[PDB]
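Student: Listed here are the chains, written in short residue letters.
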Amino acid sequence: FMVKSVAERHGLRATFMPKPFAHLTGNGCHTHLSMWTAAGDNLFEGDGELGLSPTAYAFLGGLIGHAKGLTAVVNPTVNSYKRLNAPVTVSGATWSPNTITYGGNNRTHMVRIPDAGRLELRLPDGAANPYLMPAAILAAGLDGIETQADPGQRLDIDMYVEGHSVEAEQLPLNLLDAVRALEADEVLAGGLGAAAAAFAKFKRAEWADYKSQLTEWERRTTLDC
Amino acid sequence: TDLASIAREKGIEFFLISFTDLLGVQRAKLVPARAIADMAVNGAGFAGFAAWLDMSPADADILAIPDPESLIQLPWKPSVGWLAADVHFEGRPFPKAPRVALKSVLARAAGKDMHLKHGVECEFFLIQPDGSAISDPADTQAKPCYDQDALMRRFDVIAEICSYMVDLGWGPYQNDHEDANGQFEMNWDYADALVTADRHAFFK
Ligand SMILES: Nc1ncnc2c1ncn2[C@@H]1O[C@H](COP(=O)(O)OP(=O)(O)CP(=O)(O)O)[C@@H](O)[C@H]1O
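Heads up: the protein sequence lines correspond to chains A and B, in order. Numbers in the deposited numbering are just positions in the first sequence, counted from 1, shifted up by 205. Numbers in the deposited numbering are just positions in the second sequence, counted from 1, shifted up by 1.
Simulated from the structure, these hints should not be mistaken for laboratory data. Among the clues, some could well be false.
Here are a few chain B residues that face chain A, going by a calculated C-beta distance under 10 angstroms [as the list claims (entries may be wrong)]:
1) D137
2) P138
3) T141
4) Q142
5) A143
Label pairs and their in silico Cβ distance ranges [claimed, not checked]:
6) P339/A x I128/B: 56 to 64 angstroms
7) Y165/B x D414/A: 56 to 64 angstroms
8) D68/B x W422/A: 31 to 39 angstroms
Every residue gets a Cβ at the ideal spot worked out from N, C-alpha and C, and that includes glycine.
Assemble the whole structure, with the sequences as input and the hints as a guide.
Tutor: Structural data, given as structure tokens:
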């Protein structure tokens with residue numbers, strides 16, 4: 206609200222739209238995460254790889270395990286799916302996730318481990334709800350901890366290039382599939398309460414509204430069918 | 002070959018005595034039938050420096066001697082007869098002239114009983130007079146090669162030229178829309194290199 210209000214006072218306009226321009230990088234909302242005790246200890250801080258604890262890796266295991274449903278919430282618009290799995294931009298990289306994977310200090314994955322004691326979820330975009338996003342992330346992360354989820358193998362490669370020579374699950378390709386996944390995810394849906402089902406109803410309707418829009422591209426490519 | 006008699010018989014009123022310069026430019030002089038006998042024997046004079054021949058404005062004129070066997074009555078204007086010519090300078094063929102240069106290499110090969118024959122696939126675009134865009138705004142698809150619709154949209158022009166080539170005896174056998182939007186190609190039978198070269202110059 207502040208950014209939009211101030212931009213407007215300067216005769217400008219601000220947008221947090223996920224993919225406002227077709228060939229340019231989109232708006233991420235990269236979210237840095239850690240879990241603390243009331244005594245003030247960072248539970249993610251540890252003696253495992255890259256300075257992370259087993260609690261950290263389990264929380265990550267939950268992010269990975271619930272990634273498909275989590276996409277519905279942190280990538281909540283039709284337009285969101287033009288930022289994810291996007292063709293390479295003019296600057297040489299999209300800097301957004303394509304796959305359900307994690308790396309070290311590596312910005313080509315769904316999750317990046319920037320330093321000891323925290324995770325960066327690179328999945329969310331600028332449309333992500335400031336309250337629903339942390340909520341769904343936490344729900345997933347908690348389930349990971351509770352079940353001691355295995356996040357699998359860290360990939361120290363550029364997913365944009367050296368990603369075709371490896372087995373990695375692809376993120377949902379559109380809002381419809383993301384919402385389908387959220388609805389099938391008992392932990393997320395249950396974790397978010399009645400918000401999840403209501404959210405799913407709205408996003409389904411948005412997708413349907415999107416489908417009904419006739420585009421110039423279809424006309425150019427289909428008029429002569 | 003008696004060009005003067007042919008002119009009377011075929012109703013040719015003007016001849017284009019033509020040669021190709023180093024840049025492929027077609028240079029021609031338009032001579033009335035009354036003057037053809039003179040040109041056939043003596044050649045047509047041109048200031049060579051004015052074409053891409055790498056000469057000097059101080060040089061004597063070149064003389065383009067027409068090859069009578071190259072005669073083509075313009076199919077779209079039969080009263081004009083086109084002739085390909087060898088550029089001569091100072092009483093002998095001029096080695097800087099393309100046709101002359103080709104005939105020199107052909108003669109060396111022929112001396113060894115090796116005769117070059119070739120055919121050419123001369124792709125071209127049909128575009129607006131101002132050159133800014135192709136002629137058919139409806140020819141837009143990503144893979145337009147052999148597009149039946151766009152091909153037939155230019156049937157009149159393509160069919161006219163193909164039929165000329167039939168009449169000329171070149172043995173045309175296929176006309177295609179090629180891989181670029183607005184692009185086409187019309188094939189005809191290979192022949193002795195010199196024949197194909199003259200046809201190539203005329204075709205364009
Ligand atoms: N022995 C030969 N020597 C030289 N040219 C020959 C030849 N035999 C055929 N040609 C010529 O080569 C040209 C192309 O022939 P052709 O159409 O058969 O080949 P291609 O099918 O690879 C052409 P495209 O891809 O456009 O269909 C024609 O002018 C043809 O006459």
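Student: Tell me, in ascending order, the numbers of any earlier hints that this structure violates.
Tutor: Hint check: 1, 2 and 8 fail, others pass.
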